[PDB]
Amino acid sequence: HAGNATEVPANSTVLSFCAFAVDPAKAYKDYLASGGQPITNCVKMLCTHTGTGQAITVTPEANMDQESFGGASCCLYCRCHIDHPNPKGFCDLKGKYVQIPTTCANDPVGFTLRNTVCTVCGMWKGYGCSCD
Amino acid sequence: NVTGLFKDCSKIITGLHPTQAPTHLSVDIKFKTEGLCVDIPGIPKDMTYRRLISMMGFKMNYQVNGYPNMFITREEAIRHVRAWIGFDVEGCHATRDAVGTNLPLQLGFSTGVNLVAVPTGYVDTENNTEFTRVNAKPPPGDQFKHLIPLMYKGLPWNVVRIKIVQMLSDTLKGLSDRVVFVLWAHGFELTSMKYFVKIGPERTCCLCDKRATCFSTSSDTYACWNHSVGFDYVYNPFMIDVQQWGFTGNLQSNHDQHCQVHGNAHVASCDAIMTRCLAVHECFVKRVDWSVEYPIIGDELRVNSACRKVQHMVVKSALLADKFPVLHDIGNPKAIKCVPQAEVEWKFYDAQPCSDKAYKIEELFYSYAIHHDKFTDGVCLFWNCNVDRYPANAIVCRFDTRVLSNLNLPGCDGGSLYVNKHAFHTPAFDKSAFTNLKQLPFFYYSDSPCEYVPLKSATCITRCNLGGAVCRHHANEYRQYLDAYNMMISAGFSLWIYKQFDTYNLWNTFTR
Ligand SMILES: [Zn+2]
Ligand SMILES: [Zn+2]
Ligand SMILES: [Zn+2]
Numbered sequence: 000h001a002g003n004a005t006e007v008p009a010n011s012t013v014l015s016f017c018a019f020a021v022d023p024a025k026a027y028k029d030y031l032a033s034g035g036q037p038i039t040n041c042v043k044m045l046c047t048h049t050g051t052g053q054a055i056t057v058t059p060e061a062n063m064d065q066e067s068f069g070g071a072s073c074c075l076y077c078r079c080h081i082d083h084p085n086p087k088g089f090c091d092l093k094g095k096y097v098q099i100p101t102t103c104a105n106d107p108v109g110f111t112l113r114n115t116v117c118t119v120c121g122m123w124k125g126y127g128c129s130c131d
Numbered sequence: 003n004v005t006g007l008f009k010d011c012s013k014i015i016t017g018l019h020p021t022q023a024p025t026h027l028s029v030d031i032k033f034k035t036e037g038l039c040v041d042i043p044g045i046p047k048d049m050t051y052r053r054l055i056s057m058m059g060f061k062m063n064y065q066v067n068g069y070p071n072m073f074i075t076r077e078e079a080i081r082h083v084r085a086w087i088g089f090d091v092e093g094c095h096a097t098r099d100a101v102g103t104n105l106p107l108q109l110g111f112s113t114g115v116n117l118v119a120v121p122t123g124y125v126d127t128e129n130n131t132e133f134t135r136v137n138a139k140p141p142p143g144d145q146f147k148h149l150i151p152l153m154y155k156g157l158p159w160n161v162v163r164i165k166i167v168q169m170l171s172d173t174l175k176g177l178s179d180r181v182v183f184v185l186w187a188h189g190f191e192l193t194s195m196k197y198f199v200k201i202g203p204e205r206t207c208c209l210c211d212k213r214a215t216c217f218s219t220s221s222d223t224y225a226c227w228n229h230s231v232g233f234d235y236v237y238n239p240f241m242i243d244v245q246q247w248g249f250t251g252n253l254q255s256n257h258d259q260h261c262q263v264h265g266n267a268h269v270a271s272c273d274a275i276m277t278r279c280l281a282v283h284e285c286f287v288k289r290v291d292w293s294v295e296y297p298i299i300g301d302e303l304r305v306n307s308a309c310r311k312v313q314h315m316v317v318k319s320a321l322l323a324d325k326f327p328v329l330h331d332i333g334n335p336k337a338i339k340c341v342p343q344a345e346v347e348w349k350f351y352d353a354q355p356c357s358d359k360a361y362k363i364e365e366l367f368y369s370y371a372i373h374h375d376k377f378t379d380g381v382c383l384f385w386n387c388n389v390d391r392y393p394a395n396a397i398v399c400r401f402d403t404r405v406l407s408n409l410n411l412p413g414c415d416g417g418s419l420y421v422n423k424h425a426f427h428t429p430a431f432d433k434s435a436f437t438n439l440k441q442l443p444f445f446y447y448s449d450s451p452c453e465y466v467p468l469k470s471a472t473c474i475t476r477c478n479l480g481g482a483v484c485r486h487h488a489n490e491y492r493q494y495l496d497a498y499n500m501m502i503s504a505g506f507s508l509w510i511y512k513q514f515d516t517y518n519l520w521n522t523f524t525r
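Chains M and A are the protein sequences, given in the same order. The opening position of the first sequence corresponds to residue 0 in the deposited numbering, with each subsequent residue numbered one higher. Going left to right, the second sequence walks through residues 3 to 453, 465 to 525 as the deposited numbering numbers them.
Heads up, some of the hints might be wrong.
As the list claims (entries may be wrong) - Below are the DMTMM-like pairs computed for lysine to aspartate or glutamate, each with C-alpha atoms no more than 20 Å apart in a straight line: (1) A/13 to A/144; (2) M/43 to A/30; (3) M/87 to A/222; (4) M/95 to A/449; (5) A/47 to M/91; (6) A/200 to M/91; (7) A/376 to A/390; (8) M/95 to A/48; (9) A/61 to M/22; (10) A/318 to A/515; (11) A/196 to M/22; (12) A/165 to A/144.
FYI, nobody ran anything at the bench for these hints, they're computed from the structure.
Working from the sequences, and respecting the hints, build out all of it.
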């Protein structure tokens, strides 16, 4: 059989479950609460670790505090090959890099589901926001 | 090592820019160094692309707190027949733009249904994942040339999934609260389910309270089998992989060993039908399990009391009529007498002599070929104990398998699984089994004490009928028995009795 493969028998279960779910976000979160291990095999970037703290960037912009990842790999909906909740439906993380706190970079995918980006500074609320 | 799930089947020869890649392993070696990936701006991301993703390789092992498990034990499958529905899908191969995965073409069910689908598949693009038409071809062989016409015709998945929901809904709405797909080799069929199954914690139907069996994406709502109209997805299904139980050769083999009716065309639904057929044989032809009980889905209680009321009258009367010395109760796993207050010697026989009181039953599987000359003394009782030809000295009750109801489901050979309370596999009604018998005419008999408009009948054999005695007490009891008798006749049961049965033997208890 042809094809060049994609995934690692680790993610095989986790993904099957979220692919079939009505609410993948909920499913994933529940899955983890049930002791499942978070999606691995992501695109982790070799980076100078001197860039702007911003969450979604054109190129890698990590801190010493962060790690930089290949956005589509940090997106549950891209990993499951399902539909996106964006009504228009274009992923906000595909074709860009995602900055994730080293302390939370254990679970890239979950981190991006769980958190949100500030429209003003472009940094994660709670994870590097200077407003308020 | 590495899985087959989500295999990129694209004929592209490069990778997927660290940003457009979904996984580490899909990133082009040109950006891979010392175990990581690096952004090389001189090797820009792709502006546009389309990569077919294989959806073969699902593994549904999850054990999540509030979520039901799709695969079930053999025990539950049996506990929930009715819900059983056979499922086999014939696919086609991805071929021009990509290669290396199968797409659903013909979906077959254990109903007679075959749905043809447009070969669609999952395509990862630069912005999202698209669900679209994929180039495909029927498998290489000669036995697959019947699938060539189906690459045309067919229809949109928009539709096919609604049709499935509707098809299942109509079939199951008066039988179960769920669906159990009965599968031979679950791989491809589970893949096909991605195209019309959503899962989650158990839910209940809008309006109704029954378990939700369907989901509407159109308007985030749920439905039972009776309200699922316009609903497009099946919601929590169950399934069973039959081959995983322990089988020899292929489906064709194991099925034909136990069945000569369901001919195998190479068509999807036949494999679905055969799959179910085989599962039934391994659970219901392999004799009755009285510890498994099934709930009432409708009008069972009225049939059962009629059946017993009649059984009692007929056996009571034949023992008084022809004074048999011995009653050979063939087909009674328990030690219960339908006329407990009779003087006759009551012998019990069965192929499943219940262990709890095993000593009262002679283990026996009746065959005419073998036992035609063995039960000469007295009379034999076969009340829903379906054999070969029946012996002349017998009282018989046989279910006509041709009668349709919520209780009578399809089964082996040409027979059926009558699931009242408890499941009973009944062999097809064969007229020649009654060669030695008479069809039993209606009568009522009572030798009990006696007590707006009354009726006279010649079939009422009672001490108060020798000309005007509509005896109010036994008028009622007659009219009730009459109803019970008619219930079971129109409920599909047939009554036959030794040819020497004569109502004057009964009248004679009063002409004296
Ligand atoms: Zn995405
Ligand atoms: Zn801010
Ligand atoms: Zn069959």
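task: Against the earlier hints, flag every one the structure doesn't satisfy and list their numbers going up.
output: 1, 4, 6, 12
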